[PDB]
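Trainee: Here are the chains, one letter per residue:
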Amino acid sequence: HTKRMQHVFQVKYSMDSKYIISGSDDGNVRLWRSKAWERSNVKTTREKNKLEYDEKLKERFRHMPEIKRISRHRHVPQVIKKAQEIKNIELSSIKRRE
Amino acid sequence: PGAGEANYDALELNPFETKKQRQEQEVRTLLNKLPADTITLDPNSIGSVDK
Amino acid sequence: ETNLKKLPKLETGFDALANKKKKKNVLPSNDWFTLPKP
Amino acid sequence: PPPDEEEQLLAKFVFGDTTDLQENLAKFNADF
Amino acid sequence: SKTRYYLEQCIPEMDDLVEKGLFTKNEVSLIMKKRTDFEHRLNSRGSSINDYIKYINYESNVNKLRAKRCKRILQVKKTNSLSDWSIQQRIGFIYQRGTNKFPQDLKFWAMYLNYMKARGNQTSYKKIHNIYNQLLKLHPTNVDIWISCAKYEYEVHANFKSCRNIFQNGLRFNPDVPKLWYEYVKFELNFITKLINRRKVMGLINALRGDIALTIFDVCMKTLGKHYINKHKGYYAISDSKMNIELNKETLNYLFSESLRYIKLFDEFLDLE
Amino acid sequence: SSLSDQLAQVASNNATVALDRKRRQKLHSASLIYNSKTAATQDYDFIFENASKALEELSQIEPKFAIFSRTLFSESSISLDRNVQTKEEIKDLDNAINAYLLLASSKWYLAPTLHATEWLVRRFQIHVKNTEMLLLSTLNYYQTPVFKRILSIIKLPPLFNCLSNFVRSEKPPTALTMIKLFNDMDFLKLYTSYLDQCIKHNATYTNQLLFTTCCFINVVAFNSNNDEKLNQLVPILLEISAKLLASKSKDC
Amino acid sequence: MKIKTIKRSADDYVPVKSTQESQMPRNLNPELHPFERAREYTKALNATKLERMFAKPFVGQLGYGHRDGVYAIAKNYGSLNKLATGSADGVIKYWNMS
Amino acid sequence: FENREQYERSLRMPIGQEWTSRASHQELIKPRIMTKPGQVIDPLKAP
Amino acid sequence: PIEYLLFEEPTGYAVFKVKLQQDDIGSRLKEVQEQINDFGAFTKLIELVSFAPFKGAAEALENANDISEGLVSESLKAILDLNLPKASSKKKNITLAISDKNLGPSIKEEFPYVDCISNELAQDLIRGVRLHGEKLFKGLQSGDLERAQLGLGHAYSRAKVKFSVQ
Amino acid sequence: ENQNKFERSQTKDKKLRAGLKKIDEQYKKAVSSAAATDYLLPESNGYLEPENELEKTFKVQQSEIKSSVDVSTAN
RNA sequence: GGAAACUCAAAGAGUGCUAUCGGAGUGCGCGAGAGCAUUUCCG
Numbered sequence: 344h345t346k347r348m349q350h351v352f353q354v355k356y357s358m359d360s361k362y363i364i365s366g367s368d369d370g371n372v373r374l375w376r377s378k379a380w381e382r383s384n385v386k387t388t389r390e391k392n393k394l395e396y397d398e399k400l401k402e403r404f405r406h407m408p409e410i411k412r413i414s415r416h417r418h419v420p421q422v423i424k425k426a427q428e429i430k431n432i433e434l435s436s437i438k439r440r441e
Numbered sequence: 404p405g406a407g408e409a410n411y412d413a414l415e416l417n418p419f420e421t422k423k424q425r426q427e428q429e430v431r432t433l434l435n436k437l438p439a440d441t442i443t444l445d446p447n448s449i450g451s452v453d454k
Numbered sequence: 056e057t058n059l060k061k062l063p064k065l066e067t068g069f070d071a072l073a074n075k076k077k078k079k080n081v082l083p084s101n102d103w104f105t106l107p108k109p
Numbered sequence: 013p014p015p016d017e018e019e020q021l022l023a024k025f026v027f028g029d030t031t032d033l034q035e036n037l038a039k040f041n042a043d044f
Numbered sequence: 002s003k004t005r006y007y008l009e010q011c012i013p014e015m016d017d018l019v020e021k022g023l024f025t026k027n028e029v030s031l032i033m034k035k036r037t038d039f040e041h042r043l044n045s046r047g048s049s050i051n052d053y054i055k056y057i058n059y060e061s062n063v064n065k066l067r068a069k070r071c072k073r074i075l076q077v078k079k080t081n082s083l084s085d086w087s088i089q090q091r092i093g094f095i096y097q098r099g100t101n102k103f104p105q106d107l108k109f110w111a112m113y114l115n116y117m118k119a120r121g122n123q124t125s126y127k128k129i130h131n132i133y134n135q136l137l138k139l140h141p142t143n144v145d146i147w148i149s150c151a152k153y154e155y156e157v158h159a160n161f162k163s164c165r166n167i168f169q170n171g172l173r174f175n176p177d178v179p180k181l182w183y184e185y186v187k188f189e190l191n192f193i194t195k196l197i198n199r200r201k202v203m204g205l206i207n264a265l266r267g268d269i270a271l272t273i274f275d276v277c278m279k280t281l282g283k284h285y286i287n288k289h290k291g292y293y294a295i296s297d298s299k300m301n302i303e304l305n306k307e308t309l310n311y312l313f314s315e316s317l318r319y320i321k322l323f324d325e326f327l328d329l330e
Numbered sequence: 002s003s004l005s006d007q008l009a010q011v012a013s014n015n016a017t018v019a020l021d022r023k024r025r026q027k028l029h030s031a032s033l034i035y036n037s038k039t040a041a042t043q044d045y046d047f048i049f050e051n052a053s054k055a056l057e058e059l060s061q062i063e064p065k066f067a068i069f070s071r072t073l074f075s076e077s078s079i080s081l082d083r084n085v086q087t088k089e090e091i092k093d094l095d096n097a098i099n100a101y102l103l104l105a106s107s108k109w110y111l112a113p114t115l116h117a118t119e120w121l122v123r124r125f126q127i128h129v130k131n132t133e134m135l136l137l138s139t140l141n142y143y144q145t146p147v148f149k150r151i152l153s154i155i156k157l158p159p160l161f162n163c164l165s166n167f168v169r170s171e172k173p174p175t176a177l178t179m180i181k182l183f184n185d186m187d188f189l190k191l192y193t194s195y196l197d198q199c200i201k202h203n204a205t206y207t208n209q210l211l212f213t214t215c216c217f218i219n220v221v222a223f224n225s226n227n228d229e230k231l232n233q234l235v236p237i238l239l240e241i242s243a244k245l246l247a248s249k250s251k252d253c
Numbered sequence: 001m002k003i004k005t006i007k008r009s010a011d012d013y014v015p016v017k018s019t020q021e022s023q024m025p026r027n028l029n030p031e032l033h034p035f036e037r038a039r040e041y042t043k044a045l046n047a048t049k050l051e052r053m054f055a056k057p058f059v060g061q062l063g064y065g066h067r068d069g070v071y072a073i074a075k076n077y078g079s080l081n082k083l084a085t086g087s088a089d090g091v092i093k094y095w096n097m098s
Numbered sequence: 851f852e853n854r855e856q857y858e859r860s861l862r863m864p865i866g867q868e869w870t871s872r873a874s875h876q877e878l879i880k881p882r883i884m885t886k887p888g889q890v891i892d893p894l895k896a897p
Numbered sequence: 003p004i005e006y007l008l009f010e011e012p013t014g015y016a017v018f019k020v021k022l023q024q025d026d027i028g029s030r031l032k033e034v035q036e037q038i039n040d041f042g043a044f045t046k047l048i049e050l051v052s053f054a055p056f057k058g059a060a061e062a063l064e065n066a067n068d069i070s071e072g073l074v075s076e077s078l079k080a081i082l083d084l085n086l087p088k089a090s091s092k093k094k095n096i097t098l099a100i101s102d103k104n105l106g107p108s109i110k111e112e113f114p115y116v117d118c119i120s121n122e123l124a125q126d127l128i129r130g131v132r133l134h135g136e137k138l139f140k141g142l143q144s145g146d147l148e149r150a151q152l153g154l155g156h157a158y159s160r161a162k163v164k165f166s167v168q
Numbered sequence: 016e017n018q019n020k021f022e023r024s036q037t038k039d040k041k042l043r044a045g046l047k048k049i050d051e052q053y054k055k056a057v058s059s060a061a062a063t064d065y066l067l068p069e070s071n072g073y074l075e076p077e078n079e080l081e082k083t084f085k086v087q088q089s090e091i092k093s094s095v096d097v098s099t100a101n
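Here the protein sequences line up with chains Z, Y, V, U, W, G, F, S, P and H, keeping their order.
In short: position in the first sequence from 1, add 343, done, that's PDB author numbering.
In short: position in the second sequence from 1, add 403, done, that's PDB author numbering.
With PDB author numbering applied, the third sequence corresponds to residues 56 to 84, 101 to 109, in that order.
In short: position in the fourth sequence from 1, add 12, done, that's PDB author numbering.
With PDB author numbering applied, the fifth sequence corresponds to residues 2 to 207, 264 to 330, in that order.
In short: position in the sixth sequence from 1, add 1, done, that's PDB author numbering.
With the first letter of the seventh sequence counted as 1, position 9 gets the number 9 in PDB author numbering; the numbers rise by one all the way through.
In short: position in the eighth sequence from 1, add 850, done, that's PDB author numbering.
In short: position in the ninth sequence from 1, add 2, done, that's PDB author numbering.
With PDB author numbering applied, the tenth sequence corresponds to residues 16 to 24, 36 to 101, in that order.
No lab work stands behind these hints, which were simulated from the structure alone.
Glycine residues also receive a C-beta, built at the ideal position from the N, C-alpha and C atoms.
One should not assume that every hint holds.
[Claimed, not checked] Below, computed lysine to any residue pairings styled on SDA-like, alpha-carbon distance capped at 25 Å: (1) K34/W - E18/U; (2) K886/S - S79/F; (3) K393/Z - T421/Y; (4) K75/F - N95/P; (5) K82/H - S79/F; (6) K75/V - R98/W; (7) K4/F - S78/G; (8) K411/Z - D453/Y; (9) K346/Z - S79/F; (10) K399/Z - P57/F; (11) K306/W - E61/P.
[What the hints assert, rightly or not] Label-pair distances were calculated between CB atoms; the ranges are: (12) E19/U - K201/W: 16 to 22 Å; (13) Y53/H - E19/U: 24 to 30 Å; (14) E21/F - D177/W: 42 to 48 Å; (15) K128/W - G45/H: 37 to 43 Å; (16) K78/V - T388/Z: 41 to 47 Å; (17) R389/Z - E18/U: 21 to 27 Å.
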């Protein structure tokens, strides 16, 4: 998300499978890294070993509660957070009536 | 004759240190400081489900 | 047969580079832009 | 079967056998 | 590290080398610590081809000792296990790594080529073609490369089409040495003499004149003249009448000094028209 | 007593071992030919092979070195370590180095002898632990760059302690400080034991005999007006005048 | 009587020259590597914290954008860095994203 | 992992180089989708 | 698809196999375009696979004149005929990252199975090999580049001016 | 032969059966290829053996063991 | 107060240094293998 994009209407992966091309309604065609932390330079072999090793560690331990509550949260914008919160309480209410 | 381990493992203990690798082991172990709660009777017991 | 074995073949130096030898012994052991100090 | 002569020469090369050097030194060292 | 990776890859040969009783644990740990030090010296920061050479010497001598203890202890030649081809596989890896990390020393290139020509009975001429083609790519100028493995392709496999192909490729690559032209004429005459001897063997059991050698002689003469002139007069075409005429006399002298050498080591060849 | 003293004892007892890379380069950059920046990259086989060439030149000018090319300059001697063996073997290798040094004390005007003995300086650490045989075997060439190099490489044993203001100083030491070194009799007994070991091995030659004679006459000249010191100094010079007269060469 | 004692020997551990790399001798014993699970857990937690530190996804715009918001984006399929964007006031553009 | 026995048997073995060998460590880490670094990924069309 | 690169140098012609590829989409980023500057990552990206030096001085001047007008010559055509593989029509045709669009059609005319390319990827890859210079060539030469290029520059300038040396 | 030192101490879903076979196979392979490292372990341990019956192992003192021990360890 | 740095320690910057079953045959793929795999010569 960004403050300067409104109403994203067309998103496409690139053929490199690392870069998503998003196009807003403001006029811009922004780009994003899919993996928001993997950089794009060719890395040395010990660095690639370190990255794949600790990524495999995160994948193996993703159910632990404190690294789940660190890996999960974002800065979701306040509009989306409040509206998803009221949608969640509506869905819980309709599940109770069901 | 038999009362010493012969073959140390150089990633943790090292009787042939330098200043550079001594400071490197300092910064790595300070980065991998295990938190104080994680010492039970059996330290293989931090991966399970909670009873 | 002795004609074919008295014919000259090609002449390289490659295997001589593979198996030559050596013998040597080793013997023992301001600027343009600065101005003169007054 | 015993160790062959050339086989034990290769053994002195490969294993880094200095027992011949120690025996030769401690045997001969004082002379003339 | 990667030295740990190479050392850990060389463990199953010592595993079956102790599993069959021809090497006990003490001396196999001795050769493994010696190979550990040799391999760290190989993968240091700024190693040397002398280190590659003596590590290769260590592996060839432990292979000779392994064959000797195999013919002494087990009294069989080939143990049909991992223990036989492993040392030659490692020597192939070390020669490939040395030719990657140090490509300007023809002594080491030639030691690799002689080792592979010796082990052609176990690993055939495709590896010879591969490492010789990458040697030709990394050193096109040095004519002894073309001459050496043209001699190989003519005296070990005798494939005349590929022999003439690589002579013509090298002669295109540097048509300003006399030696490559002259030894191409020598190979061409060797081929025509072997063909006429095949015809005489046909007549024994009961067209193709030297025009090949004469055409390549003519192109030798004009091309070596032109490139000797361009070896002189370095950057600027020298423009005065007597100097141009005297350098034409100089290149006539050098060109005829080559042609008389042609006559000499053709009169040694003759057996023909 | 002093724990600092009991630790300096084990420091001088384990100076000939490398326990980190800084002490290894400090114990390896001590070399007789090259300087620090080149000698700190010399693998052992390099200096061994040029020293084997040096020993072969020295052998084909002097016929008593094929025994050393068999024993101590062997191919396995580049992997023989000094302080991993037993003390009987270290004593045997100790008098092997002593035999080599007082054999090749008369050849130090030659680049083959220098490059030959550089190998066991570099490998067998005779620039630290077999120090005094090196010093008072090459003491006679005291006006020489090879002796200035030896004195800059080595650390000084406590007998030679009046040379210590000539380390890292490009003036070679003087005749007067050589006489001040020969003056005190507890150096003089050691030098005479060296001299009669050299006599009984029969390697006495006309340079070090000249140097020993000039040092003894200047020591006697220094104690010319010291009756007590001369009375104490007679049974050293006279006793080895005797066991120098028991030799055969006209020089000695 | 036969005795022996381990020999460090100071040559196969610290180097002979200066420039070559010192040995890292190795013993894979779970005796000498005591805390397996807690140490790889803390490496996973540092992995999650460092992923949040390097969570920088945005890479760029392209051009000054279109006039009035895009409504169609077409990646190509042979080549990688070519991407067409069509936008509202009848304007199609063919970007080289390199 | 549907119960505690399969979950414990999953995480029973560590992967860092302090507890496993070099070749087994470089096998235990690699992504499930090892992609080529800088060129087009085509849809598969094999049979 | 950049897998072979051609560089021209005042001692000889070089041809480099491209081992792995550059990031095409992010090729304006700081963390990519500093990798061209540093050396420890460029030799991860480009290795030397052929270097044929023209040895005649006048033949060097002639190669420089034929490149400077954008035309193939004997040594260039020779090393491309040697190094460039015949990519058979089942797979593809081979690609070659050359430095200029004036040279492009004159190698496409002579070799059909090659396909020249100079986008900004070939531009900054050739820029990287020009920056690192001698340290790529790992000793396959006898003579540095700057004195040779001084002589070649003076000769090319006089051959363009046709300066009367009388 | 050494795997006790390196050891670390029926379903319905088919993909989970295959995943369990993969993870315990990877466990067995990593334990074996970790146990095959002590071939590459740098040196062997030390021992004093009786080698007789009268030569007991505790009628040996510092004088004889320091005599027949290395110089570096004796120092 | 000047500092010999050659006693050693803790640190800070600048510079340079590396890569990721065996030959054929045999059913074989478009002068041709980069592989699928053996009872065929086998080793």
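Trainee: Next step is simple, just say for each hint if it's right about the structure.
Mentor: Checked hints:
1. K34/W - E18/U: Judged against 25 Å, a Cα distance of about 23 Å means the pair holds.
2. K886/S - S79/F: 15 Å, holds
3. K393/Z - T421/Y: Distance ~24 Å between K393/Z and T421/Y Cα, so the pair holds.
4. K75/F - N95/P: Distance ~24 Å between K75/F and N95/P Cα, so the pair holds.
5. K82/H - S79/F: Answer violated: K82/H to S79/F is near 82 Å, above 25 Å.
6. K75/V - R98/W: 23 Å, holds
7. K4/F - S78/G: 23 Å, holds
8. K411/Z - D453/Y: The given pair, whose Cα atoms are some 16 Å apart, holds under the 25 Å limit.
9. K346/Z - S79/F: Roughly 32 Å between the alpha carbons, so the hint for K346/Z and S79/F is violated.
10. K399/Z - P57/F: 21 Å, holds
11. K306/W - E61/P: Roughly 22 Å separates the two Cα atoms, so the pair holds.
12. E19/U - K201/W: 16 to 22 Å: Because 52 Å falls outside the window, the suggested range is violated.
13. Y53/H - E19/U: 24 to 30 Å: 43 Å, violated
14. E21/F - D177/W: 42 to 48 Å: 46 Å, holds
15. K128/W - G45/H: 37 to 43 Å: 42 Å, holds
16. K78/V - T388/Z: 41 to 47 Å: For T388/Z against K78/V, whose Cβ atoms are near 43 Å apart, the range 41 to 47 Å holds.
17. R389/Z - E18/U: 21 to 27 Å: 45 Å, violated
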